[PDB]
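*Asks:* Please construct the entire structure, taking both the sequences and the accompanying hints into account.
Here is what each chain is made of, one letter per residue.
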Amino acid sequence: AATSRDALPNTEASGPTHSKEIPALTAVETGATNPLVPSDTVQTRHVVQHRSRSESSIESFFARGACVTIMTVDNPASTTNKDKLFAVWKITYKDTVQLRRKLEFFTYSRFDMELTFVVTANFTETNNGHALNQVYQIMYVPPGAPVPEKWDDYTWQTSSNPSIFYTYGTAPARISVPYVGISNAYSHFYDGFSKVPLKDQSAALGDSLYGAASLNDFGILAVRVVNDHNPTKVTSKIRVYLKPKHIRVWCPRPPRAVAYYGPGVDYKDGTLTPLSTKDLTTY
Amino acid sequence: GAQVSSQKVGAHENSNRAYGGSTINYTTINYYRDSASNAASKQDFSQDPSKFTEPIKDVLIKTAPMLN
Amino acid sequence: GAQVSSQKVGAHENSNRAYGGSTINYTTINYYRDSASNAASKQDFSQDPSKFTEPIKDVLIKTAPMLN
Amino acid sequence: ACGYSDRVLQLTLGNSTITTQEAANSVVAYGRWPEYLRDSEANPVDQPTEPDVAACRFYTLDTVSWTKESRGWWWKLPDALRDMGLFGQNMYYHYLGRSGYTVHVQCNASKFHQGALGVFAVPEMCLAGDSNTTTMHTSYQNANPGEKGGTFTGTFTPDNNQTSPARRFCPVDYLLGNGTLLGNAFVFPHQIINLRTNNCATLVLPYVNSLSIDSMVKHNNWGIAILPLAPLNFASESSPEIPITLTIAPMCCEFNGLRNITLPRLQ
Amino acid sequence: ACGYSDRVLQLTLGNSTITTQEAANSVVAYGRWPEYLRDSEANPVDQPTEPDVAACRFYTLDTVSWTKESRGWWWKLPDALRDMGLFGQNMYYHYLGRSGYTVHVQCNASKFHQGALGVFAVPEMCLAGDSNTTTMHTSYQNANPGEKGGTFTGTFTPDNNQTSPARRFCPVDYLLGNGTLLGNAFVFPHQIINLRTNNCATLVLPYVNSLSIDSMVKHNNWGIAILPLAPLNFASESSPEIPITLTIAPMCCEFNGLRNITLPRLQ
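Chain order of the listed sequences is 1, 4, 4', 2 and 2'. A prime marks a further copy of an entry chain. The opening residue of the first sequence carries number 20 in the authors' numbering; numbering runs sequentially from there. The opening residue of the second sequence carries number 2 in the authors' numbering; numbering runs sequentially from there. The opening residue of the third sequence carries number 2 in the authors' numbering; numbering runs sequentially from there. The opening residue of the fourth sequence carries number 6 in the authors' numbering; numbering runs sequentially from there. The opening residue of the fifth sequence carries number 6 in the authors' numbering; numbering runs sequentially from there.
Hint data in this document are derived by calculation from the structure and do not stem from the laboratory. Incorrect hints may have been included.
[Unchecked claim] Reference listing, derived: stretches of chain 2 covered by chain 1, where coverage requires no fewer than 3 residues with Cβ under 8 angstroms from a Cβ of chain 1:
#1 143–156
#2 184–195
[Unchecked claim] With a straight-line Cα cutoff of 25 angstroms, these simulated BS3-like cross-link-like pairs (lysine-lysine) come out:
#3 218 (chain 1) / 153 (chain 2)
#4 9 (chain 4') / 43 (chain 4)
#5 214 (chain 1) / 223 (chain 2)
#6 214 (chain 1) / 153 (chain 2)
#7 101 (chain 1) / 252 (chain 1)
Every residue, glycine too, gets a C-beta built ideally from N, C-alpha and C.
*Replies:* Dropping the structure here:
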């Protein structure tokens, strides 16, 4: 019944005292934190508190949609000596600091990823040319499926691969995805290995990187330029914005203190110093 | 199969109803068969911070002495 | 002539109703006169694999001996 | 009534019994206390074995000496035990093992010493390695120190050897080893043993993990990390030394799918 | 009704499953079937641990080759298993261990072979040594052959080496190793696997012993002893050979007083 948009317990009035009751004194060893209300260390009046935590709720903290990655792709002239560029990004929030620190406050999470795409595009070369409104294909290639070889190959036939055909210049594309986790919460922090080493085997044959779980959890995104090699080479960028909608979090871990380094919690030297200076006796 | 709910208006003038009295509602309609496609209903709850603040193999009375 | 049905929500927080209780529905409306134009209602069934697994001119009891 | 004052306890899990006398009324991880796997949320289909008393009892690991230059210690529970009686043998014999815990960090001084040991029980404690080149490359043999456990350090030292590296964790203390401030670390289930008062800390940790029941040989769950908050001092004496010693007890544990014995390259 | 004819069975103790097809309707030691220790007749006061599925399942020991000159084999159960998974590890970890059994002696030929193997389950099978000087001097290391088991002999051979002896059992077959006629041996719970008919024998043996629950590392209970009654013959061929193989399953077992690991000099 106590929803997020209620109204903090109104401040009760309170006069002098001289009781053997000792609210003020704690003892942090117990790990428990004294739930002392303002009403204890001072005489308080009867304030009718209207303010509510309706905005700090776990749902609202992650109410904005963060940018998980950018993806460069380009359609060059047929006569191009180089193969046509089709970017392929492996679904995993861990690419940019922002959304990665928010999620990282919690040990485990169960959310419904609601991916949106703001696709842009300019003419590379100095050459003064034209290009009929391009259309892009954003194929979701599920963990284990065959990742696209050439730009135009069979893999793109997409008989069973959830794909979106975005026409340039239009309301930015959006596809909601339900908890696609193998477990019961995406583990923001995995302690342990994906293969245990066994004595009756070579040090290699059975090794593995710490913290890594599934080879392809979330999946991979194949994005091509669907049209054919056009005289005027046009490069494009597909910025994907992931916004965790129906979300839940567990175990409140302390926020990242020093600059992120790689997919693993590991940290580079130098960046190791986070705090700022201040005299132990200056306001 | 309308999902009509009450907004939490800050009793604003001529918003429909406030310090002249009245309430404010908004219609919602889940359109897709797949739940993970519904609009985040924002009608979320709030538990007591006790499982983190006050977690002990006993009970703690504030007016009492901590380390008994 | 609304076609309101229940979605199969995975009791997600603030999705409308879950481990706090409640159900989730979605409105549908066939718009075209020609049936082959309606949205694949996904409310499909499931038969017993018997017409393929257990097809015999008799009956087979599992605890019994196969070739009687 | 009587002297049932919070300061005295008498833990008895299994056939062992702890009875401390300065006891700071114990912590129960997240209110939630350790229990068996309710059929409603079970996963593997065979009959789960349960050592019960055979395992559930208290196992003292080995003591750590505590000086002035001491920078902290860290254990990886699921693993930390791997030897300790049957919970050691059952540990390996099964592909799946869900186990709860009751860590009782023992350490007492005289009324004349001083210092505070923050005993933090971090769920999914992923400590960071030491190779500025490649990340996570930390070796298993090295990643799971067992009965002995590892130890936090003063300032980070990058592993340069690259013909072949030292592949170890280089866990800095102010960053709780996992690159995140210690001063903020008081968010995990914890107790500060503050020499003046209590002479032990008892945290009961219920199995926490994204899965119903998971592995053990592989994946770790809880990890204890004891750090000296208030450095130890005694009398104008060069250096004093008190010995901190933890005793853990695996509670409501169960294991699935029996096999042949696992024999990891721990050397 | 149906083919639920005595000849087919499907034993499932633990996570293992035997399913024989020539099965001579099994024997239950003395009517009495294996069960746990009723409080009414219990002895040791702590909580008895019970591996249940962890141990109860079927463990195949190692196969024995069966020729014409074959003179019989003998196992000492409590011991025979000592390795076999957890029933091996729990075995040693406790001072007391009461365990019941289900021995399924597997061995099949073609309709063209012939012979009868009397599978006799002797309670307290004290086999006799081989030193005409001193009696019972038989060495432990030697007295408990485990997974491999021992083997009956043709005619007695006295151990003469005395600077230091060979300290082994010299179990003669017509005297069932314990100086008592084989022809009269059909008094213990038993089944004759008679190649023409059945191709296996199944005896369920309930823990039998003068004590409520006793030791294991020390004192043995049941002992299997398979002897060829009707010698094997096949076609005018020099010598034929079929391989007899037993699979035992410890049932309703429980163990008391956990300690440190026992490590007997079995070498």
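*Asks:* Indicate, hint by hint, whether the structure satisfies it.
*Replies:* Evaluation of the provided hints:
Here the stretch 143–156 of chain 2 counts 5 residues with a CB under 8 angstroms from a CB of chain 1, which clears the bar of 3, and the coverage holds. Judged by the Cβ-Cβ criterion of 8 angstroms, the stretch 184–195 of chain 2 is covered by chain 1 as claimed, because 9 of its residues qualify and three suffice. Between the alpha carbons of residue 218 (chain 1) and residue 153 (chain 2) the distance comes to roughly 21 angstroms, so the proposed pair stays at or under 25 angstroms and holds. Between residue 9 (chain 4') and residue 43 (chain 4), the direct Cα distance comes to roughly 19 angstroms. Compliance with the 25 angstroms bound is thereby established for this hinted pair.
For the hint linking residue 214 (chain 1) to residue 223 (chain 2), the alpha-carbon distance of about 7 angstroms falls within 25 angstroms, and the restraint holds. Our distance criterion of 25 angstroms between C-alpha atoms is met by residue 214 (chain 1) and residue 153 (chain 2), whose separation comes to about 23 angstroms. The straight-line distance between the Cα atoms of residue 101 (chain 1) and residue 252 (chain 1) is roughly 12 angstroms, inside the 25 angstroms bound, and the hint therefore holds.
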